[PDB]
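This document starts with one chain, in the form solved without this ligand, laid out as structure tokens.
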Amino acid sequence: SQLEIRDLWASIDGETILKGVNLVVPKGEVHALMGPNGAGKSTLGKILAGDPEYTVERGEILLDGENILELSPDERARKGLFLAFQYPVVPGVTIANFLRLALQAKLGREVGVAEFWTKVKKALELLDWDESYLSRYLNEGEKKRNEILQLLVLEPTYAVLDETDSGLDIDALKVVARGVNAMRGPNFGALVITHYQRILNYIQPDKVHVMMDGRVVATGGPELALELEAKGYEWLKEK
């Protein structure tokens, strides 16, 4: 019934970056994780993904009751954690073909044209996007659109979306919001990681967690993100 990070301690290149992270996202809710850059929010996202460069010293990550820290990235996706499929530079690959490859990898079986197009059509309807988009080639903002189509088609139970790399690029933030809002429901939970409050005007969070010095130092409703945007992180560090 929830995605939970419990007493998580982690380090990289021999240095402790996460210092006892406790963060729970109930299935059915969309939460935000904010914080100064380098204070741990993005490192948490990489550890959730299963980035092997990190060493977990203590803690657990439970997805609906099961500890996934020992699972490979592929195994976590099999348990319902969103893992976008990555592709290189390569010419002549339509978004449609790529999505079919991504869905077949996630499902562990072939997916026929009927199942594929029925699912794609539903996703396009929810996103209010034209089917012609699927004819675009990979590598022809844009990377975000492709990931959002995967979000709707792969139907993960939980998704951790780090949008720090979008900054204040409104188009990119809105594409992700369209996808997250389209997935909202009793069977989906999400954690949106961001430095700026901007995206939260498009994706209203049920709860906001703020991370400083490797741990969550404050939580609240959307108003907390608003006050942080108005006053700055230094204000919160003090009180």
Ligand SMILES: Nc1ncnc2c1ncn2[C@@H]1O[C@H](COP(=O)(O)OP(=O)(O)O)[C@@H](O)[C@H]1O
Contents of the next structure:
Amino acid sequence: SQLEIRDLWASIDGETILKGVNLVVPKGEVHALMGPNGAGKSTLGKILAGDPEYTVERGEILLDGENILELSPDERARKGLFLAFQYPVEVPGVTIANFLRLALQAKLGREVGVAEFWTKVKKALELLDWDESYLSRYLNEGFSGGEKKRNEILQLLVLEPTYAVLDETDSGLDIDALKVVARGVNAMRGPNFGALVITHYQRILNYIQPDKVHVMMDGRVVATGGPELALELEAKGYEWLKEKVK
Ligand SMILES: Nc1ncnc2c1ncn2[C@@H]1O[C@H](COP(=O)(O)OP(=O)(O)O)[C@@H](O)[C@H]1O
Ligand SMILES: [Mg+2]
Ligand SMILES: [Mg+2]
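Got the form solved without this ligand; could you also share the form solved in complex with this ligand?
Below is the entire complex, every chain and molecule, led by the chain shown above.
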């Protein structure tokens, strides 16, 4: 009934990056994970995804009670953790529709007929208020990050994961990009879904209201609170918080 990071310690090259991360996201809630940058938030994201370059020194990551650290990225997704399907940006002639079908079939482990595919796609489009013509565009036509986000949010809704970890730090203050992710996350809100939105700026949190905010510093969570914490952090800055936790 929750996604829990418990006393997680992780390194890369003997250098310890995560230093005892504790973070619980109850299914049904949407949390935010903030940090100054280099504090380890995007590293946590990569470890949740299974990036092999990292070494877990101690701790666990439990998804509904099961530790998934020893599972492959593929197995984690089967357990419900959202894992967007990656494909080379330079490959032409791939409609977004064919790609989504490929992604859904990979996650479900079986063929998906046209009725099941389009029914799921249509509901997703209805939730995002997007036109079905979009599915006829080619994957990566514009080689842009904004296009990558929109396409991954479509996957989020069609694949229906139980938990999703979304790192939006790369979008910075690009409002359109933050709003696309917010639309998708808000559309997925419900008792069978939990999410962790990773971000440096508080901006996206005005579109995605979090139930809880966790703030990392020097590889561990040093403060937690409601949305007001992200707000005070945005007004005063991270240096402020660093001292206040003392
Ligand atoms: N390949 C790497 N080798 C060694 N240390 C690394 C590597 N990648 C990242 N780090 C260390 O991890 C720190 C935190 O990374 P990151 O998770 O991206 O921070 P954040 O997302 O909080 O800004 C970096 O400041 C760096 O010292
Ligand atoms: Mg950070
Ligand atoms: Mg970051």
